[PDB]
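Note that one protein chain of the assembly has been removed; the remaining protein chains are unaltered in position.
A, B, C, D and E label the chains in the order they appear, each numbered from 1.
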Amino acid sequence: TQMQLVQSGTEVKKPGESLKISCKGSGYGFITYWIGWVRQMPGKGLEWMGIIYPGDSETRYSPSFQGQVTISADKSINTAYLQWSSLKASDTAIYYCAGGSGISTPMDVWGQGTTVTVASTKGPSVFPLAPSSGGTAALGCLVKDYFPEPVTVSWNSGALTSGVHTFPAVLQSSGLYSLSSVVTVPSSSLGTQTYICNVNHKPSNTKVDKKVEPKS
Amino acid sequence: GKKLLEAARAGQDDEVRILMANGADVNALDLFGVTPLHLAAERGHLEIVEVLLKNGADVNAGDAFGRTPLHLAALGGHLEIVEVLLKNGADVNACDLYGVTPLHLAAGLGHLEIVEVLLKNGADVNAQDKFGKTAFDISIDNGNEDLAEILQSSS
Amino acid sequence: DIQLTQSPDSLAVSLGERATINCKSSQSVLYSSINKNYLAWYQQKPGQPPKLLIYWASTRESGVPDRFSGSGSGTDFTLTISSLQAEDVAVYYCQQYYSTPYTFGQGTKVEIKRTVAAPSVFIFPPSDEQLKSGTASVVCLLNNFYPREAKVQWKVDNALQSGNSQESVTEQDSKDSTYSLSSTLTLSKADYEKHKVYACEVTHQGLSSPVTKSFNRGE
Amino acid sequence: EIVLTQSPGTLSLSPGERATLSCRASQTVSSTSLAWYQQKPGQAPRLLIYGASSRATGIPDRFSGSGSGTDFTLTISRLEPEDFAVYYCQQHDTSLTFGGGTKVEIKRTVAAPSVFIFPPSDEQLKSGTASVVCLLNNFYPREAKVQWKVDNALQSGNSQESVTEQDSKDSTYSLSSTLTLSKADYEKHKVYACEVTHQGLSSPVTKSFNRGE
Amino acid sequence: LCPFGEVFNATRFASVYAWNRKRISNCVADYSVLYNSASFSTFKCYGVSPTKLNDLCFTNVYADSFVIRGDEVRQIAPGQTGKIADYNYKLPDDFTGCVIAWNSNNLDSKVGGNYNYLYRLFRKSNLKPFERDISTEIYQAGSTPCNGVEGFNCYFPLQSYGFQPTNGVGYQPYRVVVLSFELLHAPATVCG
Partner (left out) sequence: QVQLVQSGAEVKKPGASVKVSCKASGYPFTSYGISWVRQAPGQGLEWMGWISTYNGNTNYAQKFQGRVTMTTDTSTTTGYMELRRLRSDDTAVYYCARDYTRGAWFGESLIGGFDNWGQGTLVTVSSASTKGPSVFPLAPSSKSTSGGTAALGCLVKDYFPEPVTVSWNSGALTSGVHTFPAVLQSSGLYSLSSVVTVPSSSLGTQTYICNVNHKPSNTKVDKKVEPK
């Protein structure tokens, strides 16, 4: 490609500590590329953080963000580093490193973004939920007390690829996450096949199969 | 602010007092970036020099050309300014980027007092011009060979 | 500094017509030596990094469809997508680069408008394992509905509640653009055994009357 | 406007070696305005080094150039058997003067020259001119001495010598010495001798004859 | 098609105080060579991006060039002041130009120091943008009338650089070329 950008992976740390992430490029023509940083809060817009030149380390900061973050550059490997001295509650968002060839020029080439959160880890609990009477009924499976997002879900271990909905978790009051997945099936097929809710969590490397049956 | 500079031309000490009593800066730089010390030494207003050094002015101040007030003070032929500057702790070995020495200024007009007052506190003899000339040749070049013998006997 | 605003903040039009968005700034964004306005227009499909479409406010980047256009002058600018398609749903953005710093607007969401449809209203209580856990969670579902706006309310023993319900909404559906909304109510076991009858009420423009679903605990 | 002498004009070296050719001027010239050119035998010239340190398009890495002040030097490191040619150093700082050229040849063992002598037939004797030939073969290096003797007398201005280039199959040499003369003075003398001396040959072998044989 | 090589790729570069202008126009410019030559260590280019300017074309492609000390290569910029910026060369603000610099210690540095590259460091007034003034007129420092002699009261504005191979990384000389693409309002303008 004209320019390829890569960043770090997931980041989960307790608040207050330091952090170090890196945006690294590869291609032909890299020497003309200013590197800036863009932040996205969950469910909101975008706001600039800071811009830098990889070569001689010339930096520019947004007026409302001065003194909160550290920007550095390294020309030998052509990388731009961001360092956090203090981590707070408002530091759970997504970040992008954006390339732009010159000042007053657009940020056209982008990375894949990295995620930052802060909470405590715990194992999940999965419970079933069945309907009763009539047309088509929806059976549900819920996961509670899990961290961090996301969760891989399926029915019958990926044997059905239709009529499934997934619920983006919302942070509740007590400080954890939850989800519920529901599938609508006709009342004729409730008593023939076995329904299995299959939940995989890579960060907790746990796979659980739960049998779901109607209650009456 | 700037006014004291031209006030230094008129030697109006009371204006200097009323001005620095209000919180005027002690290390002012003007449009040309010159310190009041050079003009004070040039005009030889002794009492202004003493009152300004009483509060602890920049005794080692230097301009873009590296000049120091002692050079111009010795060039003019001023008696008290050089000795008070020596007493408060100004260096004598100090040389500009061209390597001009105060002994050259002393030998310029045949001013004798400066010679031995610097000889008392360790006047330098290693001064180096464009060709590496010391104080002896420049001292004897001015037509007054008696001055050169003083430094020759002291070395 | 320069602040930016977008209009409208939310938008939804059907398939096959023109979509218009407006971006308004404060200072003139016309350069002195160069007579080209300093605006850029971005798009971002959910779950993906943003991908620029328009740079210098009047051009088209290589590799994008030609069904896009822009206009405007001074401090007000317009973006028009001609014959928007089903795959053009995203969140768009405007950003000036006259001088440091640059700042984007709040953001605009694009949706495909269509006709109202009859939704499905479900409600589910919990089970023995949740009772053993210590909490009680009852979830009200509203499925395949349109428009987005629909009020979901609770009733415990014919009494109102405050600060006890958490509402979650899913994104667009690839099949027929339908949404599902869940309202979950959580409470203590001691409060669970002190209350008997629970009811869910649903109000929507597509419903002739608000729908009530009530039942007593254990029945 | 600058005198440039490379020296020596020949630096014959054995195969598979390195050659440090030199180019030295009188005045001073920076490291920006001298280039090395190559001249293949029986061919057209080329370019080797530009800017006195770098290489042109598609030139192998065996050719390196260095030097400054008043002396510059080209190093070849590895010697393939297609890299035997004349080398020129050229300046262009003020006007431009080419070098003197250096020839590098194969360095091999000693050689034993063989000499033949031929007089002419009467067919050219009917004409107004006459010529006699001496031939030397298989000698190393090019330097050798050949003289004539018309009744053991010294001659000048009537002899010519020629030598071929380096041979591609044996790396040897072949010299021809031709003496031309007028018809009238040919019949006055009878005994003709041709003497050759070479460093690779111990004795000064002389071929003497009479036309009556 | 037009002289891009002859301004970059030559041997003689004048000193800062009397830098050279070179106007280039009436051509089609192939910037692809100015991208990945891997030798321009500070191709920092403001105002207008190099990538997609091929669509754009305008006159006045003024190109300046000189040689300048290595450490103060950063000081050359729009609106940034210092030693060289305030006295010899000052790039106008609201710029639309674009700068290039690279190390050339291999050839422009000899044993004993190359004392051929002078520069000015005193000036009573300042410089208007895109302007160069050259004059070796001396300055009378004091109250002593000076005719042509050098001394405590007579000063030469220009000072000599000292270039050495052993010297530090930031002291080895660098070469700079500054392009400045500007245009006018009159239509029917020649492109490039």
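Everything below uses one rule, namely that a residue touches a chain if its C-beta (ideal position, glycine included) is under 8 Å from a C-beta of that chain, and two chains touch if they have at least 3 such contacts.
*Asks:* From the list D:133, D:193 or D:205, pick the residue that touches the absent chain.
*Replies:* D:133
*Asks:* For the chain not shown, which residue from D:25, D:35 or D:111 touches it across the whole complex?
*Replies:* Among D:25, D:35 or D:111, only D:35 touches the chain that is not shown.
*Asks:* May I ask you to list the residues on chain E that touch the chain which is not drawn?
*Replies:* Considering the whole complex, chain E reaches the absent chain at 1-3, 5-7, 9-12, 22.
*Asks:* For chain D, enumerate the residues touching the unshown chain of the complex.
*Replies:* 32-33, 35, 37, 44-47, 50-51, 56-57, 88, 90, 92-93, 95-101, 116, 118, 120-121, 123-124, 131, 133, 135, 137, 160, 162, 164, 174, 176, 178, 180, 213
Here, only the chains that are shown with their structure count from here on.
*Asks:* Report the inter-centroid distance (CA atoms only) between chain C and chain D in whole Å.
*Replies:* Here the centre of chain D sits 91 Å away from the centre of chain C.
*Asks:* Just give me the whole-number Å value for how far the CA centre of chain B lies from that of chain E.
*Replies:* Using C-alpha averages as centres, the distance is 40 Å.
*Asks:* Go ahead and note the Å separation of the Cα centroids belonging to chain B and chain D.
*Replies:* The answer is 79 Å.
*Asks:* Going by the contact rule already set, what residues in chain C reach two or more other chains?
*Replies:* Correct list: 31, 55.
*Asks:* Spell out, as numbers or ranges, the residues of chain D touching 2 or more other chains.
*Replies:* Touching at least two other chains: none.
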